[PDB]
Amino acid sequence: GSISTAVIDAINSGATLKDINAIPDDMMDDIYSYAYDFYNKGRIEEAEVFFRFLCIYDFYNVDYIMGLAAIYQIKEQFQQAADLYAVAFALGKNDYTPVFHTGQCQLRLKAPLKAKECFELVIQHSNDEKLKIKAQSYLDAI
């Protein structure tokens, strides 16, 4: 998937498509909008192809990663979603939404201790008060 592609690219350390600016920013913006057009109409498979395409070109992009993680979470591919949410957080650092969603994924992965750590981080560090309420409601049930 997207992560193995990123790791292969780093191993081989050859020229990538982004390194040569093979797709301009404006076209990447268009494709991202098309990806969500598919997603918003429930065409999840096509959206996934488009977000995979975006993540091959520019993996280290919080917006592309978050789109793909959402798809995996909807498809109940919870480990793949949590892995991408963690990448997104490492790049973004200031938005705790991926940490919240990782907590949800860990709950489904039968890892309540990992989920608890996620929700507690949201509570202690997020300034999104509504997200904190949601995290607390998961914490109350664990």
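Positions refer to the first chain, counted from 1. If you superpose the two forms and keep the largest set of C-alpha atoms that fall within 1.5 Å, you have the rigid core. First, how it differs from the form deposited in another entry.
- The Cα position of residue 121 differs by less than 2 Å between the two forms after fitting on the rigid core.
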Contents of the next structure:
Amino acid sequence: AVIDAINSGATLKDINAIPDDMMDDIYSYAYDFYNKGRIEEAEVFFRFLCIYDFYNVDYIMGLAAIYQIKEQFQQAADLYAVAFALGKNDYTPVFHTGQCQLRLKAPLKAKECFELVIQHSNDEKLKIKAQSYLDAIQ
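After the form deposited in one PDB entry, can we look at the form deposited in another entry?
There are no partners or other molecules in what follows, just the one chain.
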């Protein structure tokens, strides 16, 4: 049954391979490892989650955050672009992409990211953070 999803490209979530409440528990445990600084374990758990459902925006954001913490900034930025697309109107991944671009020495790209947050987002606290980066970029 699982092999069928491997051959059809479907997710494990599409075939309800693990119950909903158990997946919730695994996501909460992943976030616990993350908040405790247990980065290697959080990375295993967020990779597990993204294998289970690679369209879940919160699962992708968790793995992207791990990569950003590990200073794998391009790999983080790649996942953030997917996370943005799947959620359509949440500019948090665009904000974090701006941070990654600064670390990649691409300040004009970073400015474009933070400006996009300011222009489109309805999240006032997020826009405040984005503006503080814009104020600092030369």
